[PDB]
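J.: So you can see what is in the structure, the chains are spelled out below.
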Amino acid sequence: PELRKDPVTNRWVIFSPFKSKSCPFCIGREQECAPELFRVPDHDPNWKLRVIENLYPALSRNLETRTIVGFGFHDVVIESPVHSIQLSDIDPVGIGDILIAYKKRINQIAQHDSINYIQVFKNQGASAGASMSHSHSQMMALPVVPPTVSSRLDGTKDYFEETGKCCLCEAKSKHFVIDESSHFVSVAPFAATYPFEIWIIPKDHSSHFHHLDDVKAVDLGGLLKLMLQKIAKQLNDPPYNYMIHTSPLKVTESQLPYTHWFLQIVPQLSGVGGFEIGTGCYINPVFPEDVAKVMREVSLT
Amino acid sequence: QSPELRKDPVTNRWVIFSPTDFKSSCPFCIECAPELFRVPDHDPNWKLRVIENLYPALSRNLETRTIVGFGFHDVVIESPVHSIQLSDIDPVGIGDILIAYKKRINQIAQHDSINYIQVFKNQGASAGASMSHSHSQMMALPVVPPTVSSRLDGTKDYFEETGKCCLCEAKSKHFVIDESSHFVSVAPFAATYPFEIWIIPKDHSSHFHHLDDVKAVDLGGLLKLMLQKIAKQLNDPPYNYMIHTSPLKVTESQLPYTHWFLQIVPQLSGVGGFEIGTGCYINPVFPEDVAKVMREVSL
Ligand SMILES: [Zn+2]
Ligand SMILES: [Zn+2]
Ligand SMILES: [Zn+2]
Ligand SMILES: [Zn+2]
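Chains A and B are the protein sequences, given in the same order.
Going by the deposited numbering, the letters in the first sequence line up with residues 23 to 39, 48 to 51, 62 to 105, 116 to 351, in that order.
Going by the deposited numbering, the letters in the second sequence line up with residues 21 to 39, 46 to 50, 62 to 67, 72 to 105, 116 to 350, in that order.
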């Protein structure tokens, strides 16, 4: 039983020692959705993916200007034409296309000075927040830098000032390696917030996700797919969430040395209670050392 | 209504608002882990008792990038009767629960290794409640938790700019639901969760255990009132409530802007990748409306 902390989360977690507990988005029903931003391949009727506006946005894109107006961008990335397909089934190249699509939309949004952070995330399973069965992910552009981002900046800065190094650049030395690709490495975070949480860290120190090129997008697409399929097997296809942790749009040169983006995957295996809500501190039932060994021994035969 | 971002010194974080539309024997009975004390003192016909948690999150037997899992994890059995819910207990009986917390808090405070104590209650399996018997818990931590740090920072920034304690302005900053002799319940302005309710003491006090017997019964009544109204208006949803107090080593300098309170959160919805990734929440109901609906509810 012990408390562990990491510059990235900049918060203590308690470790105290597992399985899971057509449609308007399909090709042909495009008018059934909200205005399209673009698709892939470009303007092709036989599309592999498309990004559209979210019909009922959390933040409205039509309000550009103690409280702040709800302006922001809430877009939806339809990951496939086929309804029965799950992001995990798509081929490495097809995922890379999804990853490149994010980059594209991120670059467009970056043109607005009113935006300070963009959150790319994926929900699979109703209990994990996924309102629809069709494979899809989302993008939320916020006018403010979110708490996790602020905390991260603070933590990685404190660590950088004391060691002169970027915690994520030491992924293989600070965390527990599960798998590794050509440009990325997946690990079980040392001070992981959730049981069986997995981070996919780029091996090259880059401060923002959209700095990703086509070669790395396919290479990342493969590691992501491998991590999702192993999760699905070892944990019995549990619902899950993955989110891209990148830098704010106005990130400073001064912050660059210790700002390194990554992708977080969290399989839903348990909920929270009054302790968590009240403290912001979580209780992880499984150490990452064990999650690492289990995920390394899992096979897809 | 139209979307808005709202922030409050207490949470020190932005929440996104985007919209009466909402809705939803045993070993603890009079065999358990070591007892700390009971009420009335050492009485076989007890109303409540606090014991050790059989499978603690933090072990009390470890006193000393990582820190040993030392800490105190205790369980407060709120009643002898299994079928009773905290909400059914009379105002005086709850006050007893509240005084028992204070008692245990005072004992724990004797340890310099502890920096924060989290008192919380879980009702309903989906809300973290492992057992049906009415009970709450206490977790003593060797570190000051994120929400406490954030709150200290937010209420400090606000105090430096206005020279006032945000919670002392409960009636003016938030939306009043009900009021008792020494407390007032409100729908927080920048509430994290839909139908979130805060019960704020009217007297500026930095720590919960500074509460006396008169206020404990008066608070017991307001708390009971808020739980029963929630149960009615929302169709008996699971819920969580937690006491937000000051760190054990809170400084004199922090005192003017450190004001404790009790947070009640009815479980009406879960989170997704957006929340986990940003730490920012999406609230579907403004507090103005929560306030009006809770004020019109009748028991
Ligand atoms: Zn579909
Ligand atoms: Zn780095
Ligand atoms: Zn019982
Ligand atoms: Zn005050």
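Worth flagging that the hints you see were computed from the coordinates, not collected in a lab.
Here a beta-carbon is modelled for each residue, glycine too, at the ideal position from N, C-alpha and C.
Treat the hints with care, since some could be wrong.
Below, computed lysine to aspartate or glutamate pairings styled on DMTMM-like, alpha-carbon distance capped at 25 Å [claimed, not checked]:
{"#": "1", "chain 1": "B", "residue 1": "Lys275", "chain 2": "B", "residue 2": "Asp204"}
{"#": "2", "chain 1": "B", "residue 1": "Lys27", "chain 2": "A", "residue 2": "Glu104"}
{"#": "3", "chain 1": "A", "residue 1": "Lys300", "chain 2": "B", "residue 2": "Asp287"}
{"#": "4", "chain 1": "A", "residue 1": "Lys154", "chain 2": "A", "residue 2": "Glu104"}
{"#": "5", "chain 1": "A", "residue 1": "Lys207", "chain 2": "B", "residue 2": "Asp208"}
{"#": "6", "chain 1": "B", "residue 1": "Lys224", "chain 2": "B", "residue 2": "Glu212"}
{"#": "7", "chain 1": "B", "residue 1": "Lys27", "chain 2": "A", "residue 2": "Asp163"}
{"#": "8", "chain 1": "A", "residue 1": "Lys27", "chain 2": "B", "residue 2": "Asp204"}
{"#": "9", "chain 1": "B", "residue 1": "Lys253", "chain 2": "B", "residue 2": "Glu104"}
{"#": "10", "chain 1": "B", "residue 1": "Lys27", "chain 2": "A", "residue 2": "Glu24"}
{"#": "11", "chain 1": "A", "residue 1": "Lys300", "chain 2": "A", "residue 2": "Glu230"}
{"#": "12", "chain 1": "A", "residue 1": "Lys300", "chain 2": "A", "residue 2": "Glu339"}
{"#": "13", "chain 1": "B", "residue 1": "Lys300", "chain 2": "A", "residue 2": "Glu24"}
{"#": "14", "chain 1": "B", "residue 1": "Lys300", "chain 2": "A", "residue 2": "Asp204"}
{"#": "15", "chain 1": "A", "residue 1": "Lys300", "chain 2": "B", "residue 2": "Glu24"}
{"#": "16", "chain 1": "A", "residue 1": "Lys207", "chain 2": "B", "residue 2": "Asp263"}
{"#": "17", "chain 1": "A", "residue 1": "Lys154", "chain 2": "A", "residue 2": "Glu303"}
{"#": "18", "chain 1": "B", "residue 1": "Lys253", "chain 2": "B", "residue 2": "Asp287"}
{"#": "19", "chain 1": "A", "residue 1": "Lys51", "chain 2": "B", "residue 2": "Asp287"}
{"#": "20", "chain 1": "B", "residue 1": "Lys207", "chain 2": "A", "residue 2": "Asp204"}
{"#": "21", "chain 1": "B", "residue 1": "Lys300", "chain 2": "A", "residue 2": "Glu303"}
{"#": "22", "chain 1": "B", "residue 1": "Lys153", "chain 2": "B", "residue 2": "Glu24"}
{"#": "23", "chain 1": "A", "residue 1": "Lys27", "chain 2": "B", "residue 2": "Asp163"}
{"#": "24", "chain 1": "A", "residue 1": "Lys27", "chain 2": "B", "residue 2": "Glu104"}
{"#": "25", "chain 1": "B", "residue 1": "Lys207", "chain 2": "A", "residue 2": "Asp208"}
{"#": "26", "chain 1": "B", "residue 1": "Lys275", "chain 2": "B", "residue 2": "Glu24"}
{"#": "27", "chain 1": "A", "residue 1": "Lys300", "chain 2": "B", "residue 2": "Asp208"}
Just some of the chain B residues that point at chain A, by a computed CB distance under 8 Å [stated by the list, open to error]:
{"#": "28", "residue": "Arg33"}
{"#": "29", "residue": "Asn94"}
{"#": "30", "residue": "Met190"}
{"#": "31", "residue": "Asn286"}
{"#": "32", "residue": "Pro288"}
{"#": "33", "residue": "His295"}
{"#": "34", "residue": "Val322"}
{"#": "35", "residue": "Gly330"}
{"#": "36", "residue": "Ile333"}
J.: Can the restraint linking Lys300 of chain B and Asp204 of chain A be considered satisfied, given a maximum Cα separation of 25 Å?
T.: Holds: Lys300 of chain B and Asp204 of chain A sit about 23 Å apart, inside 25 Å.
J.: Can you confirm whether the C-alpha distance between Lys27 of chain A and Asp204 of chain B stays at or below 25 Å?
T.: Given pair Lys27 of chain A, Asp204 of chain B holds - Cα atoms ~20 Å apart, limit 25 Å.
J.: Is the hinted pair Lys27 of chain B and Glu104 of chain A satisfied, with a Cα-Cα distance of at most 25 Å?
T.: This hinted pair holds, its Cα atoms lying about 19 Å apart.
J.: Given the hinted pair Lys154 of chain A and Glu303 of chain A, is their alpha-carbon gap at most 25 Å?
T.: With a Cα-Cα distance of about 23 Å, the restraint between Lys154 of chain A and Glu303 of chain A holds, given a limit of 25 Å.
J.: For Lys300 of chain A and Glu24 of chain B, compute the direct alpha-carbon distance and say whether it is at most 25 Å.
T.: Holds, because 22 Å separates the two Cα atoms, which is no more than 25 Å.
J.: Checking one constraint from the list: CA of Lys27 of chain A to CA of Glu104 of chain B, max 25 Å. Satisfied?
T.: 19 Å, holds
J.: Straight-line Cα separation of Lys300 of chain B and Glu303 of chain A no greater than 25 Å?
T.: Violated: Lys300 of chain B and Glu303 of chain A sit about 37 Å apart, past 25 Å.
J.: Going straight from one Cα to the other, do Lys224 of chain B and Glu212 of chain B come out at no more than 25 Å?
T.: It holds: about 15 Å lies between the C-alpha atoms, which stays within 25 Å.
J.: Close enough to count: is the Cβ of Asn94 of chain B nearer than 8 Å to one in chain A?
T.: Status violated, d = 11 Å.
J.: Against the 25 Å threshold, does the CA-CA distance of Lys154 of chain A and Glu104 of chain A hold or violate the hint?
T.: Roughly 21 Å separates the two Cα atoms, so the pair holds.
J.: Closer than 8 Å between Cβ atoms is the bar; does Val322 of chain B clear it against chain A? Give me holds or violated.
T.: 6 Å, holds
J.: Taking only the CA atoms, is the gap from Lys300 of chain B to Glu24 of chain A under or equal to 25 Å?
T.: 22 Å, holds
Comparing the model with each earlier hint shows violations of hints 1, 3, 9, 10, 11, 12, 16, 18, 21, 22, 26, 29, 31, 32; every other hint is respected.
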